[PDB]
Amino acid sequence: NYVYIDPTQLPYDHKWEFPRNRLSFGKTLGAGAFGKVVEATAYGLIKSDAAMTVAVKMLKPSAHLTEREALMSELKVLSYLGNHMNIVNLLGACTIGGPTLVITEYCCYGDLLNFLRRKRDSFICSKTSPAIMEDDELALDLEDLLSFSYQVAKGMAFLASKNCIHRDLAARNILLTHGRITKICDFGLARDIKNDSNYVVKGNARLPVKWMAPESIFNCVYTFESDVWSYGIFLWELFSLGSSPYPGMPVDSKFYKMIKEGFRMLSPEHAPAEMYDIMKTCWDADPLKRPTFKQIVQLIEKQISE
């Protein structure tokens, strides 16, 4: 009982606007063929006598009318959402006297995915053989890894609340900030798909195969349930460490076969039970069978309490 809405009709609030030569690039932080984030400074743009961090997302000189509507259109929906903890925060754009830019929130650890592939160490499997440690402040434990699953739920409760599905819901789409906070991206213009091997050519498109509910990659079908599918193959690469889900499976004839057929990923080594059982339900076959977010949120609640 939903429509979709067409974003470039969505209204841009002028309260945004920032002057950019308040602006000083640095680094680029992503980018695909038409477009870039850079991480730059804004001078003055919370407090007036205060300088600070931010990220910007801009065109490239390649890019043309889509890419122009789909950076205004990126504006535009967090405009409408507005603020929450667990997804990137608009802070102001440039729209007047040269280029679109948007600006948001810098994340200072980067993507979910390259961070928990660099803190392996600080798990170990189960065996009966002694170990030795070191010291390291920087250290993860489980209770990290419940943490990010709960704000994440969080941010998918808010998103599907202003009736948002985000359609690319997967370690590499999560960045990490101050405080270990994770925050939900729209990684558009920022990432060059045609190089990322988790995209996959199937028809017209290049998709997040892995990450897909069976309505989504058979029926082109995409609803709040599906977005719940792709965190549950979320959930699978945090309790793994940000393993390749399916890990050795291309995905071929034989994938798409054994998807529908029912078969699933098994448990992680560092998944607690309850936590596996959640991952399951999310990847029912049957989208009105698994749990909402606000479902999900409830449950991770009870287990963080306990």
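In this text, rigid core is short for the largest set of C-alphas that superpose within 1.5 Å between two forms. Residue numbers count along the first chain shown, from 1. Compared with the form deposited in another entry:
- In a rigid-core overlay of the protein, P61 has its C-alpha displaced by at least 2 Å between the two forms.
- If you fit the rigid core between the two forms, you'll see the Cα of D141 move by less than 2 angstroms.
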Contents of the next structure:
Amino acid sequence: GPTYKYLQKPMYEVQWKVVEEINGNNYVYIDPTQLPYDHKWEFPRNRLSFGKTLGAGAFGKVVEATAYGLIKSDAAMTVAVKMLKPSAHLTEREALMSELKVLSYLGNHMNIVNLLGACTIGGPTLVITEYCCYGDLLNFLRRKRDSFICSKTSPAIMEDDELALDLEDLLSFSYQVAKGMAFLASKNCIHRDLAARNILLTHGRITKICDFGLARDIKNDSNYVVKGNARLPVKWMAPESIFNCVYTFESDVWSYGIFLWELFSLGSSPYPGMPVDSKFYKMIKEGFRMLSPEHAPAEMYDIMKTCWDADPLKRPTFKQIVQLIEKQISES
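Now show me the form deposited in another entry, since the one above was the form deposited in one PDB entry.
There are no partners or other molecules in what follows, just the one chain.
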């Protein structure tokens, strides 16, 4: 209804950013509304059947659905559908349109959650993406955790996957996520919230980097902390990024280092037991770092440490990380 303050209610926002140029120092981003939309993506909404909710946030949700003829003309497939509230204002719907445009611009890669289609006419805006049957990687690591150190106990069952977790899995996830992020970086794209909770797993134990924002309300997740005017994933953020309030290619790399730590720690939360407050920010800026997880190979811990270099310029690029891990594989 009518309000007497200009500041608009919180609404869904586009999550990933595309960089136009770095003149600094500072980043200038592309305005996503200016990107094209190809109507080849348009899918008759009557060909969707909605199932269970996968995750819901304050503004909308993502649901499991079946789609008929979406990719192969005479076949049904399971997909994930992103939606706002049915009466969402056009300005909020436009954020979903901009998201659709960014996904289209990025293009397809095995290690992201890919765009499959959209319903932008004839009703509430829907974005159709890949369904990842095993859910998020953080939960997967936690369910499978006990099997890493026991070969007698039956591994936790997740859908059809009754297999144990081993070092080969962790090395594979490390490599896959690095490739996915190298892909995003190659398109000048910044994720801003890379973490195990936002990486999904599908058939073949393939990891897919996700934009999960619509599917949770961060007020209910203690890994997001009030810091100034925002609630932020501070334990995954680079110190200079927290201080200057800017997300960069180098701060995504910092996050990948934190991801490697939680990966080889089998789903433990970072800086365990450490209060997140004035003292935490100070200690990280002054050089405090986590030590190696028990299960992390030395070369992976070494990558972690470089991802956490106080100087953003000295951190590896994702391209360089991919090369390093591929060197590991060849020598293995």
